[PDB]
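Colleague: Below are the chains, spelled out letter by letter.
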Amino acid sequence: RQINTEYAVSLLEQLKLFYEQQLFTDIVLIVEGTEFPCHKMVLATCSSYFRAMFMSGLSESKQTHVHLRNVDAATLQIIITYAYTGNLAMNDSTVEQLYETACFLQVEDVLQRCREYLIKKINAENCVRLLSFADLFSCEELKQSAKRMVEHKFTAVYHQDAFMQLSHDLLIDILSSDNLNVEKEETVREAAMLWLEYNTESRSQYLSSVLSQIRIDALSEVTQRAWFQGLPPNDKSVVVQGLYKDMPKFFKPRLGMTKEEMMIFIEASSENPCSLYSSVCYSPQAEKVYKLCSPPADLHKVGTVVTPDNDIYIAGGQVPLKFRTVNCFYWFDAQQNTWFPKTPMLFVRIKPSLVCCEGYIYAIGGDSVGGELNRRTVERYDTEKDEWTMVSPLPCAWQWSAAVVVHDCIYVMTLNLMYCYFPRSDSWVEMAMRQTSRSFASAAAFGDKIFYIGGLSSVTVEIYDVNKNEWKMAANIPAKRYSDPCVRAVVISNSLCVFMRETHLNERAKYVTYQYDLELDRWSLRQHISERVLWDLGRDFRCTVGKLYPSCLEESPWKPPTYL
Amino acid sequence: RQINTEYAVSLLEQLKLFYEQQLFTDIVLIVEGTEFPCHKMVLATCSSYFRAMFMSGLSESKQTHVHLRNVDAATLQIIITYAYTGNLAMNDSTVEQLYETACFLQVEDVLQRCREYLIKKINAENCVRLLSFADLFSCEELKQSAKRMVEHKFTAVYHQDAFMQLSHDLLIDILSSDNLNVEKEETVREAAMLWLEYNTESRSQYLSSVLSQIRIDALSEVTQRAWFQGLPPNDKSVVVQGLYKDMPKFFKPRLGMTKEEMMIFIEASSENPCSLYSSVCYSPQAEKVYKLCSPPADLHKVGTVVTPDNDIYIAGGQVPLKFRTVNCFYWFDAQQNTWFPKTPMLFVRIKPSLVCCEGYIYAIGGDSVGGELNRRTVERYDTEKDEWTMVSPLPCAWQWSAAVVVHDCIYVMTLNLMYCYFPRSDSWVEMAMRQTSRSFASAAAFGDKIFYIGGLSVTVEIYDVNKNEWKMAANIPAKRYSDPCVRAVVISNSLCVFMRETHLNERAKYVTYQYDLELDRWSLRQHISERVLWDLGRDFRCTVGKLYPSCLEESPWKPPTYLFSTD
Numbered sequence: 007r008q009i010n011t012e013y014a015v016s017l018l019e020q021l022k023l024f025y026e027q028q029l030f031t032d033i034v035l036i037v038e039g040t041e042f043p044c045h046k047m048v049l050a051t052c053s054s055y056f057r058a059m060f061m062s063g064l065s066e067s068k069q070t071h072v073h074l075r076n077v078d079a080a081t082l083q084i085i086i087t088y089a090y091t092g093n094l095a096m097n098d099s100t101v102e103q104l105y106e107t108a109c110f111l112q113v114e115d116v117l118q119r120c121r122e123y124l125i126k127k128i129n130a131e132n133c134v135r136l137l138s139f140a141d142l143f144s145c146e147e148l149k150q151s152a153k154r155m156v157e158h159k160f161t162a163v164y165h166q167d168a169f170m171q172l173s174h175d176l177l178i179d180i181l182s183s184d185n186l187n188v189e190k191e192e193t194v195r196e197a198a199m200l201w202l203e204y205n206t207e208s209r210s211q212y213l214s215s216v217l218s219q220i221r222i223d224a225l226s227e228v229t230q231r232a233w234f235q236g237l238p239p240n241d242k243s244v245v246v247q248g249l250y251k252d253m254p255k256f257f258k259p260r261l262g263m264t265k266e267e268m269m270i271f272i273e274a275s276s277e278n279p280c281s282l283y284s285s286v287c288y289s290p291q292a293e294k295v296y297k298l299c300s301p302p303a304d305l306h307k308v309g310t311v312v313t314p315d316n317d318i319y320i321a322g323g324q325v326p327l328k344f345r346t347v348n349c350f351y352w353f354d355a356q357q358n359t360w361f362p363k364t365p366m367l368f369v370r371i372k373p374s375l376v377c378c379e380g381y382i383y384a385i386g387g388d389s390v391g392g393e394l395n396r397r398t399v400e401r402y403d404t405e406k407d408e409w410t411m412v413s414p415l416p417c418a419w420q421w422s423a424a425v426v427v428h429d430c431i432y433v434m435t436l437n438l439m440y441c442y443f444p445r446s447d448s449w450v451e452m453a454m455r456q457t458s459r460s461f462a463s464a465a466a467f468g469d470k471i472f473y474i475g476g477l495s496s497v498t499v500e501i502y503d504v505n506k507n508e509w510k511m512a513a514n515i516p517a518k519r520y521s522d523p524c525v526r527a528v529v530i531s532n533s534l535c536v537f538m539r540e541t542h543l544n545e546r547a548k549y550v551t552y553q554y555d556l557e558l559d560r561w562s563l564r565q566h567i568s569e570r571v572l573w574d575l576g577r578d579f580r581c582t583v584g585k586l587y588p589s590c591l592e593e594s595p596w597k598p599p600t601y602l
Numbered sequence: 007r008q009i010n011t012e013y014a015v016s017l018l019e020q021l022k023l024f025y026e027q028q029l030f031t032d033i034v035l036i037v038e039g040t041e042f043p044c045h046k047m048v049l050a051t052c053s054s055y056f057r058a059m060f061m062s063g064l065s066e067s068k069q070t071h072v073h074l075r076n077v078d079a080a081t082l083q084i085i086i087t088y089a090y091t092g093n094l095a096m097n098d099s100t101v102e103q104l105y106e107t108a109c110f111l112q113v114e115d116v117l118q119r120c121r122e123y124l125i126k127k128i129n130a131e132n133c134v135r136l137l138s139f140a141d142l143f144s145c146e147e148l149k150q151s152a153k154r155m156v157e158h159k160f161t162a163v164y165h166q167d168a169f170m171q172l173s174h175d176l177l178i179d180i181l182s183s184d185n186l187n188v189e190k191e192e193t194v195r196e197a198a199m200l201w202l203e204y205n206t207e208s209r210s211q212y213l214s215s216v217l218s219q220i221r222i223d224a225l226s227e228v229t230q231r232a233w234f235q236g237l238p239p240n241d242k243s244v245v246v247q248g249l250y251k252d253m254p255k256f257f258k259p260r261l262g263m264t265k266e267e268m269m270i271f272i273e274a275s276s277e278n279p280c281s282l283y284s285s286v287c288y289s290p291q292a293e294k295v296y297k298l299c300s301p302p303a304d305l306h307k308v309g310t311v312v313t314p315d316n317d318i319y320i321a322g323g324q325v326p327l328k344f345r346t347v348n349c350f351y352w353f354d355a356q357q358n359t360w361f362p363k364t365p366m367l368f369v370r371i372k373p374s375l376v377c378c379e380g381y382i383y384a385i386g387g388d389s390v391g392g393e394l395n396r397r398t399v400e401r402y403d404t405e406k407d408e409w410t411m412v413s414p415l416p417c418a419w420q421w422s423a424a425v426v427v428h429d430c431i432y433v434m435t436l437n438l439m440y441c442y443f444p445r446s447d448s449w450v451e452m453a454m455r456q457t458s459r460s461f462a463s464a465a466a467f468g469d470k471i472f473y474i475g476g477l496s497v498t499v500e501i502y503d504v505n506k507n508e509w510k511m512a513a514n515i516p517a518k519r520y521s522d523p524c525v526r527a528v529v530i531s532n533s534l535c536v537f538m539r540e541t542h543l544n545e546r547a548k549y550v551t552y553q554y555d556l557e558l559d560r561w562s563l564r565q566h567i568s569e570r571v572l573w574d575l576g577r578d579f580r581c582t583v584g585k586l587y588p589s590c591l592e593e594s595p596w597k598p599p600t601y602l603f604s605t606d
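Chains as they are written, first to last, in PDB author numbering: chain B, 7 to 328, 344 to 477, 495 to 602; chain A, 7 to 328, 344 to 477, 496 to 606.
The following block holds chain B by itself, in its conformation from the complex:
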C-alpha cells in the first residue's frame, strides 16, 4: 500500500500556514543579525546538516538560538521556503550562491536540482567561471561538463579574466587534454604565456610545469606541408584519422587540429530498416561517410543551421504522436556525438528557416500556429541569455520559403518576392522581385551574391546582388535530359557548389557535386560522389556545411561494395 497523497498535500500546506503565522517555533536561527524562526523537525527532513546538529543531543538541540555563520540570509530563506513548499525558484544571478549554501547545509534535493540547472546553463561566457566553481566545491558532474565546454571553445574563452585566475591544477588538465579546439599550436602556447605573466610573483615556480604540457616537438600538420601534398585527391584527411590515432598522447595533434568540412545530411533515408529520417555526413576530402546519432529520438521535419562559429543546431520538427508538432531545440556536441537540449522555442514549428545573424539565431516560418492571430511567426534566440523573443513578423504568410544571411542582413525569399530584415531597425524592406516563380528551391550565400537555385524543380540559377539589388539569370545546371535532380546549394572551400542527386528512368540514385565559375559564369565538374558509398538519401533531406571531428564521430559507411 502506497501512502496517501491528498493527505500529504494537505498536511504540507497546513504546516506552511503555521510557519507564516509563527506557531510552534522551537528554534531561532541567527544569520548576520537577521532572525529566522523555524521548526527543528522541518529543517532536519530537508537538510542533513540540521539533522546531525539536532540528533546529537547536545546544547544545540536544547538552545533555541543558533548562530549560523558564512550563510547568506537570502539563500537561507530560499532553503527554508523549499523546506515548507518544495518549489525551488532558481535564477542565473543567485544559483552559484544558492549552491554554496546548499552544499554547506547538505540538502540532497536542492543540490541535485542546482547541479542539473548549472549543467543545462553552461554557455561560452561562464564556462571558465563554472569550471573553477566546480573544482572548489568538488562537483564531478559539473566539472566534467564545464571542462568539455572549455575544450570546445578554448580559442574564444582564453581571453576572459576568469581564465588567468584559474588554479594550477585547473591549468595542467586543460593543456594536457587532447580535446583543445585549436587550429594551431601557437594559440595554446600564447594562452599559456598570458597565464604565467598575469601573476609572476606567485607563478614563477610553475614555469617548468607550464612548458611541460604544451606540445612543442609535436609538429602535427607542419610536416605534411614540408614534404609535399602528394597523395590521392585530398588524402591529407586520411592522415588526420590515422597518425592522430596512434601516438604517445604527448605529441598528439589536438582535437582542433583534427577537423574536416563535411556535408551534413540530416533526416536522410536509413540503409538498415530503422528511423526513416537518419543523419549522416560525407567528407569531400577523405571521400568517406560517417554516421551521426539522433538523440532527437525520431524527430521529423526539422530545420538545420550552421553559424559562422561552426555551431550546429536544430529546431522545430514533429514527433510521432503516441505526429504532433513540438518546440524542441538541440545543440550538437562535436566531441561527444550527442544532441544536448537547449531552451525550447515559444511556439512549435516544422522545418523553420534557421539563420544566424550577428550571433543571434532566428526561427522563421515553422508550422504557422493560429491562422486567425498570425501565420508569419518568427522569433529570435539569445545564445548567452538563453531566451527567446518575438520580432517583427514576415509581411505576408508564405510556405516552403528559404532564409539566408549576407553582411549581417536577414534575407527571406518567396515565390517571386524577397524581403530584407534589418535587426538594427526591426522592420522588413521589400527587395527586388524574382523573375521566375519557384517553390521548394535551395538558397545559398557566397561573397556579395545570393543564389536562389532550384525550384519549380529546374536547373535555373538566379544570382542576386546585395549592392545592386538586381535579379539576373546566369546559367543552367548541366544535367541529363529527362532526369529528376533534387539539387541542394552548398558553399565549401570558399566556393559555391551544388550537391545534385540525379535519378533517371529505371536507374538508381546518382550523387555528384559541381563547382560554379564566378568569372566565366560556367559550371565545372568538381567531384563525382562515389556510389560505393553515400546510399540513396531521398528528396526531403536537409543539408548544410560544417566541420566535424573525423578523429571522433562514428566512422561507419556500412555500404557493401563489389556489387552486380
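Simulated from the structure, these hints should not be mistaken for lab results. Don't take each hint at face value.
[What the hints assert, rightly or not] PhoX-like mimics (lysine-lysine), calculated; alpha carbons at most 25 Å apart, straight line:
1) A:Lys68 with B:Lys22
2) B:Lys190 with B:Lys265
3) A:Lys68 with B:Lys68
4) A:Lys328 with B:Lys328
5) A:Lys22 with B:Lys68
6) A:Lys597 with A:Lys242
7) A:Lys153 with A:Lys585
8) A:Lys255 with A:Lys242
9) A:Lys597 with A:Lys585
10) A:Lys126 with A:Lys406
11) A:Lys294 with A:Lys68
12) B:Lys297 with B:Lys363
13) B:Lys68 with B:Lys22
14) A:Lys22 with B:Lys22
15) A:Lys159 with A:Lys265
Fit chain A to the supplied structure of chain B, relying on the hints for placement.
Modeller: What follows is chain A alone, placed relative to chain B:
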C-alpha cells in the same frame, strides 16, 4: 501556483520513517499505562484538541509526559497512524470506539470518514444501537439515517434488546413519527407496553408520555371495515391517498397503513425524451400510475428482486460509455424515493437473475459468455455482513434464463433443461426436462408450482416441486398476427400475467388476466387502459411489491381522454 505534490508525499514518507525509528519525539502520551512517543506538530495539524492544548502556552506545551484518560490505546494508535499516513483502516468491530475517540480529539477528517462509513453501514440489526450512539454523541446525519431505518423496519427491530434500553427522548421521537412501517397500531401499542415494562421502577413516571404518543382514537382502516367496502373497484386506496394526507397528525394513519401492492415496472420505455429508460409502477387496487426516480446513474440492463419482506434491489447492468459494465448494488428507499448504493458485486453482470433465498440475494448468470470457468459464476450477497460470497457456479452457460425460489430452494430454467440448487448442499441437480425448447420466457413462483411462460407462441407449462413433473395447462389467449409480450407476476395471492400485445396497425394494448389453478382456465381480471399508461417497450422487467403512493411521486404524463370526436 499550486503546492507541490511529490515533495509533499516525500516529506510525509520521510516523517513516517522518522516516526518509526523514534526521532525528534518531543511529547509522550500515556494511555492506561502504555506510552506513545510522538511529535506535537503532527498531533496539532491533525487534531484540533492537541492544537488547542499545545498553543495554550501552559505546562502542557512544556511537559513531555501528557496523561490522556478515557482514550483507548488501539484507537489512539489508529489515529496516530492516520495522522502520519493519511489512510484509515476502519472495520465494523471497532468503528464506534474509533468514532468516540475521534469526537474527543475533533479529527475532522476521521470524524467525517467514520460518519459516512456508519451511514453506509446501517443494516436491519445495528439500526437501534447506531441510533442510540448518534443520540449520545449528537451526530445529526447518522441520527436521521438511523431513525429512518428504524421507521422502515420497526416491526422487525422492536424485539431487539437495544430497543428496550433506549432513552425517553428516543422513544417519544420514534413513536410520534408517522413513518412507522406497521400494519396495525396494536404492534406499536405492544412495543410501548414492552418498553415500559422492561424497567418499571425507572419508567413508572413516563407512562403518561408513553400513552400520549400511541394513537388510540385513530381508527384508520377499521372504519372502512365497519360501514362497507362499497366503492368503485377497490377504491380503498383512494381513501388512503386522501384521508391520510389531510389529518392533524395525531390521528394520522401511520406510513405502514399506507403501503399498497403495485406492479413495479423497471426499464419501462418512457415518452420522456430525456429519460426514455425510466421506471413506473401501477396499482391494481388504485387503477393509477406513479412515477419513480428509479435510475440512480441513468443506467439499464439491471435485474429486479422483491424479498418477502417487500424490499427492492437492482444490480448488474452497464452505464453509457463516458457501455462499461459495473458492479453497483442499489436498494430502494420506499419512503424517500431514492436508491442508496451498497457494496458492489465481485463480477460485472448484465440483467442478472436476482432471487431471494433464505434471506440471501443470489446473482445467477446474466452476463456475456466469457471463459468456461470464468462465466456461469453464481454469487450471493449478505444483507447484514454486506459482503459477496461465491458459490457453486452454473453447470452450463445459458442465455435468457429465469430464476425463482420455492420452499427456500433455488431454481433456474433454460431452453429444455432445469437445475435445482440447494444452499444447504451448495450443489446443482438436474431436474425434469421440459418438452419444449424456448427462450426469453418469464417465470414466477406460486406455492409448490413453477409457471414457465414465454418462448418468443405462448404455452403455460406447470412444474410440480413435490412431484418433479411437468404438466401442460393452457396457452395464453392472445393474437398471432400482431405482437405478444407477457409478464407473469403473482399479486393478490393469485398468479397473473401482464400481457402487452401490439396488434397490426394498432398501438400496444395492456390487460391483466387471472388464472385458475384448479379449473385450469384463464379468466379476464382487469383491462389496463392507456389513460395514464403508455408503450413500456419489450425489454422491461416486472415484479410485485408494496410501496407508499402517499409520498412516492405524482405525475400523470398521459392525458386520460383525447378524442376530438367533434367532427
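Colleague: All hints are to be evaluated individually against the structure, with a verdict given for each.
Modeller: Now for the hints, and whether the structure bears them out:
no. : hint                   : result
1   : A:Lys68 with B:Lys22   : 23 Å, holds
2   : B:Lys190 with B:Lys265 : 12 Å, holds
3   : A:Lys68 with B:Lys68   : 13 Å, holds
4   : A:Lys328 with B:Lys328 : 22 Å, holds
5   : A:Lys22 with B:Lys68   : 24 Å, holds
6   : A:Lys597 with A:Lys242 : 23 Å, holds
7   : A:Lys153 with A:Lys585 : 21 Å, holds
8   : A:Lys255 with A:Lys242 : 20 Å, holds
9   : A:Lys597 with A:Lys585 : 23 Å, holds
10  : A:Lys126 with A:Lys406 : 12 Å, holds
11  : A:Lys294 with A:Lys68  : 74 Å, violated
12  : B:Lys297 with B:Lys363 : 23 Å, holds
13  : B:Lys68 with B:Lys22   : 24 Å, holds
14  : A:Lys22 with B:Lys22   : 19 Å, holds
15  : A:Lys159 with A:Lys265 : 13 Å, holds
The earlier numbered hint that this structure contradicts is number 11, and it is the only one.
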